[PDB]
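With one protein chain removed, the remaining protein chains of the complex are shown where they sit.
Chains here go by letter, A, B and C, matching the order in which they are written, and residues are numbered from 1 within each.
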Amino acid sequence: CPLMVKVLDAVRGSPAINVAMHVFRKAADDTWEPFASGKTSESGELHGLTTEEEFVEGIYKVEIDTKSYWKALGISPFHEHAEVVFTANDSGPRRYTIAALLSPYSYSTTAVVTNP
Amino acid sequence: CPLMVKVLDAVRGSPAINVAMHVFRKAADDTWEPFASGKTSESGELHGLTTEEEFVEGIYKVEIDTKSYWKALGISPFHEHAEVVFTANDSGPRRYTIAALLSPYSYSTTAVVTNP
Amino acid sequence: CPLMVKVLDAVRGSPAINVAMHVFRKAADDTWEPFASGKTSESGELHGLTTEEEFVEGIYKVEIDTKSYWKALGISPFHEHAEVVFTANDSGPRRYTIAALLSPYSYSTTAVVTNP
Partner (left out) sequence: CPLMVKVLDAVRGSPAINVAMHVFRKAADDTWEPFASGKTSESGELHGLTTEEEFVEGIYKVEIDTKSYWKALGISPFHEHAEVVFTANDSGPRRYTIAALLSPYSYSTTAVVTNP
């Protein structure tokens, strides 16, 4: 699995479950093309978005629907979403974990990139 | 001043100076409309982006050019940029400080929202 | 003012007001010696802890009473406190801002160190 996303809740100290996200890849015409989508599991993780063969070099965007997560808990959060945009596989294939740690008025995000 | 952005560097322990950013407002057709731009000062801050009369309710986006910042320091970055998207003034005008704490493979962002 | 502490609340999107903290200097026998204390202002800041002549080289600890902060807001916290330990002035006097961004189950801390 070359691309995995993990989302955590900093208020309750838990995985952020059932968080929707969409992944896009930048095309030759510089537009954003849909690439994959899914929702986080009970562990806060979303696996199985792509394969090594499909996940070619390019600029990718992960848009995480953090607002709907908070709204379902009764909270009106600051951010409309959390977007993570990055170039992938520019030096050959790598495995990417994108993590996001959520609070109502803040988020952190980090990438763990490993060589298979 | 209703909108200020502050950027810090977690590698050097310093303000992030000369970081460029652009601010957009969401248009009726879901496109991003130019609104303001600037670069951070020696204190890591960008002031004077808008006025209280111009800064009406709506969805706003701040795109911070973190990649150029790290490249100018000779450090390899992960992200293409750091985007912050939020709805402003939905409960009356507020003063917004958007802060971003930058590392090459991670960033944090938070909002400090105060009522004058 | 060579040492300032700023505390922010990631749940409310606000300065963390009335947060108590104590500062210690490490003694020759490896024990922590009282140095200063205070509580954050309406801007989340605590100034005036020491003077340039008193703030000599050494190892310092700031213990921030985050648990009492969250309890006073009726929110369950994870940590007993947030401690920041650092060596000061090892390359000449600097001005230190210690910042902490608080959530109930997470915190971030960073230092902004500038040379006058």
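By our rule, a residue touches a chain if its C-beta (ideal position, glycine included) is under 8 Å from a C-beta of that chain, and two chains touch if they have at least 3 such contacts.
**Student:** Among C:4, C:17 or C:59, which one touches the chain that has been omitted from the display?
**Tutor:** Missing-chain contact among the listed residues: C:59.
**Student:** Return the single residue from B:66, B:108 or B:109 that touches the missing chain.
**Tutor:** Reading the full complex, the residue touching the unseen chain is B:108.
**Student:** May I ask you to list the residues on chain B that touch the chain which is not drawn?
**Tutor:** Counting over the whole complex, chain B touches the hidden chain at residues 9-14, 75, 78, 101, 103-106, 108.
**Student:** Pick out the residues on chain A that sit against the missing chain.
**Tutor:** Residues 8, 10, 13-15, 101, 108, 110-114 of chain A touch the chain that is not shown.
**Student:** Suppose we count only contacts with the excluded chain; which residues of chain C make the list?
**Tutor:** Interface residues of chain C facing the absent chain: 59, 78-81, 83-87, 103, 105-111, 113.
Going forward, only the chains that are shown with their structure count from here on.
**Student:** Could you tell me the distance, in whole angstrom, between the mean C-alpha positions of chain A and chain B?
**Tutor:** Computed from C-alpha means, the inter-chain centre distance equals 21 Å.
**Student:** From the mean C-alpha coordinate of chain A to that of chain C, what's the distance rounded to whole Å?
**Tutor:** 33
**Student:** Centre to centre, by mean C-alpha position, how many angstrom separate chain B and chain C?
**Tutor:** Computed value for the inter-centroid distance: 26 Å.
**Student:** At least two other chains touched by the same residue of chain A: list those residues.
**Tutor:** 78, 103, 105-106, 108, in rising order.
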